[PDB]
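Now for the letters of each chain:
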Amino acid sequence: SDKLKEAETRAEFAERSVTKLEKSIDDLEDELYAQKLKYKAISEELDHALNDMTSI
Amino acid sequence: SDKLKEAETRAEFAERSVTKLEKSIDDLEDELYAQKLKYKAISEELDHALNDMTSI
Amino acid sequence: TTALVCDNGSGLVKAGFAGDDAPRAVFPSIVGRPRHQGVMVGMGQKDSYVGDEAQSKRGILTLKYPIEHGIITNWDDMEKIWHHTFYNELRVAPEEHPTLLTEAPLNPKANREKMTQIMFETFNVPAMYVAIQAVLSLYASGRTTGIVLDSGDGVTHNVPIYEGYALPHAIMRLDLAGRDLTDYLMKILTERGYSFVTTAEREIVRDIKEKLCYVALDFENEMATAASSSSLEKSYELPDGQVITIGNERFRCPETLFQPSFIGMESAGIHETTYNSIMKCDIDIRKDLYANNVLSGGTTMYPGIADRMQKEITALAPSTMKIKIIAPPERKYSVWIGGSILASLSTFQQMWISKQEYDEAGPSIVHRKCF
Amino acid sequence: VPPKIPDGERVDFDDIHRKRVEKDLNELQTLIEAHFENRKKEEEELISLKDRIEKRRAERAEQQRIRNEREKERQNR
Ligand SMILES: Nc1ncnc2c1ncn2[C@@H]1O[C@H](COP(=O)(O)OP(=O)(O)O)[C@@H](O)[C@H]1O
Ligand SMILES: [Mg+2]
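Residue numbers (the authors' numbering), protein chains in the order written: chain L, 229 to 284; chain M, 229 to 284; chain B, 5 to 375; chain K, 78 to 154.
Here chain L stands alone, though its shape is the one from the complex:
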């Protein structure tokens, strides 16, 4: 019984850790992807600016 209680508690703690880590990963992923899209957009508008310079 003692081993069972300790094991179950350790398991539950680790499980909740797992869930929270997943949520953190998701949020950081969303922010990083938004930054990535921002970077692609800035580079593309930069190139458009370069081509505008080429025009004039």
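Honestly, the hints are just simulated from the structure, not real lab data.
All C-beta atoms, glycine included, are put in the ideal place defined by N, C-alpha and C.
Treat each hint with caution, since some may be false.
[Stated by the list, open to error] Chain M side only, calculated, beta carbon under 10 Å to chain L, not exhaustive:
id: 1; residue: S245
id: 2; residue: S252
id: 3; residue: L256
id: 4; residue: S271
[Stated by the list, open to error] DSS-like, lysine-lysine: derived pairs with alpha carbons at most 30 Å apart:
id: 5; chain 1: B; residue 1: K359; chain 2: B; residue 2: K84
id: 6; chain 1: L; residue 1: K251; chain 2: M; residue 2: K268
id: 7; chain 1: B; residue 1: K328; chain 2: B; residue 2: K284
id: 8; chain 1: K; residue 1: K117; chain 2: K; residue 2: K127
id: 9; chain 1: B; residue 1: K68; chain 2: B; residue 2: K118
id: 10; chain 1: K; residue 1: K81; chain 2: B; residue 2: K373
id: 11; chain 1: L; residue 1: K251; chain 2: K; residue 2: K132
id: 12; chain 1: K; residue 1: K127; chain 2: L; residue 2: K268
id: 13; chain 1: L; residue 1: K268; chain 2: M; residue 2: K251
id: 14; chain 1: L; residue 1: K251; chain 2: K; residue 2: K127
id: 15; chain 1: K; residue 1: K117; chain 2: B; residue 2: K291
id: 16; chain 1: M; residue 1: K266; chain 2: K; residue 2: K118
id: 17; chain 1: B; residue 1: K328; chain 2: B; residue 2: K291
id: 18; chain 1: M; residue 1: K266; chain 2: L; residue 2: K233
id: 19; chain 1: L; residue 1: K248; chain 2: L; residue 2: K264
Assemble the complex: chain L is given as a structure, and chains M, B and K with the ligands must be docked to it using the hints.
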């Protein structure tokens, strides 16, 4: 016996998974920071350009 | 009170209160019913998404424009678009605001009469006035003469004006416009392997056309250069990945404007219908029209068109006249800016078609003195 | 008959100044101000925050290493 075997086994899986998750988290965060720093270097390139544009 | 300067257009509805610089709400004019079945219950699924909402759910809709070539072919959808424009994009009830619609030249009468009948019966405005889309674009340039080429998305028309006196016998209306260029681009993209068929993917091809295509200064030299080097191939990322590379399709899509034989149209390009429109005018105002050629409308935003057109007209015109092409940076909203200026004038305040006048003469009042 | 516009007084081509010259300077100055404030708010704060998060990440790495090692030491049987 069945219960505690199950619990310890799934807990070990949890520990290995969560450690893999932590490696994933660190790699993602560091890559995010590297990309963000590249972006800020680009922003300061643009800010030097804006200081030139202070010509207007 | 303030006047509502609406501008139906064909492809983008532009609206806003009179007296500002830019339209308040600009959104595509498409009404798309859902086409699949739908299994989630209580999701709050509507029966028709209009305006800019249907450009985000376009994956499961069948978008259909209610205005084909200037004329309006589906009156219920157009009424829905107007209702959306008034109530959700501006949030001003029409019972307390005059309206100033715009209409292409040489359009069917029934279209204009139905438009005024709707505005007076359904929305119940105090007074509405219909104006030709080119005179406004001439207002916005601050000129009073000049020949304006308003190449919209539905229809391209070329109205010459001198000293405020329009020349009704010299209006050359041509039905090639941005939509036909989108269809032709979608048709020539198939030469590399990319097939766009669905009415939703027409929007993707339109975005490709807007972001990549440009008008070549000299067509044959560009065709020769693009066939030897690879300095032109610009890539573009679809809404799901799988980047595509556009080669000499870049300047072949908008070249259709100057050679309408590409899409099988007989008529001459926009470079020669302007010269023909000038030559129909009197012999003493041709110099002023040559010097004050005005560009407007969305489709005249291609990078490098104000030079190609000038080169072509200089080739056609006599060598002594000076050819100048006015291409303001605010080309897209030029018609609406002109509409705002016209609605803000004090001299114009008594030209509105007041409701009591409509009650006495019926919808045919629009063709009468109140034009 | 074609419509006849009643005769007024004035003007035209005199609002081009009052709608152009305004934004010719105000818009440029305001956009420069916006760019300056946005860069100041964004870039330095983002780099500093990323450095802070990196330091916290390194501390988490040290804690993970210590815990993993002590648990492997005990459990090794
Ligand atoms: N920046 C651009 N470059 C090239 N083509 C454009 C651009 N913006 C708009 N267009 C074309 O012009 C059309 C919009 O024209 P618009 O002036 O809104 O028509 P309308 O006269 O009906 O308002 C779009 O369908 C698009 O094909
Ligand atoms: Mg138009």
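The hints, checked one at a time:
1. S245: holds (7 Å)
2. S252: holds (7 Å)
3. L256: Check passed: Cβ of M/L256 comes within 6 Å of chain L, closer than 10 Å.
4. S271: holds (9 Å)
5. B/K359 / B/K84: holds (22 Å)
6. L/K251 / M/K268: Answer holds: L/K251 to M/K268 is near 27 Å, not above 30 Å.
7. B/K328 / B/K284: holds (19 Å)
8. K/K117 / K/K127: holds (16 Å)
9. B/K68 / B/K118: At roughly 21 Å apart (the allowed maximum being 30 Å), B/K118 and B/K68 satisfy the hint.
10. K/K81 / B/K373: holds (7 Å)
11. L/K251 / K/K132: Cα-Cα ~21 Å, so holds.
12. K/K127 / L/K268: holds (20 Å)
13. L/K268 / M/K251: Given that 30 Å is the threshold and the Cα spacing comes to 27 Å, the pair holds.
14. L/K251 / K/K127: Since the Cα atoms of L/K251 and K/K127 sit roughly 19 Å apart, the hinted pair holds (cutoff 30 Å).
15. K/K117 / B/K291: violated (54 Å)
16. M/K266 / K/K118: holds (17 Å)
17. B/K328 / B/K291: holds (11 Å)
18. M/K266 / L/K233: violated (50 Å)
19. L/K248 / L/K264: This hinted pair holds, its Cα atoms lying about 24 Å apart.
Of the numbered hints stated above, those contradicted by the structure are hints 15, 18, listed in ascending order.
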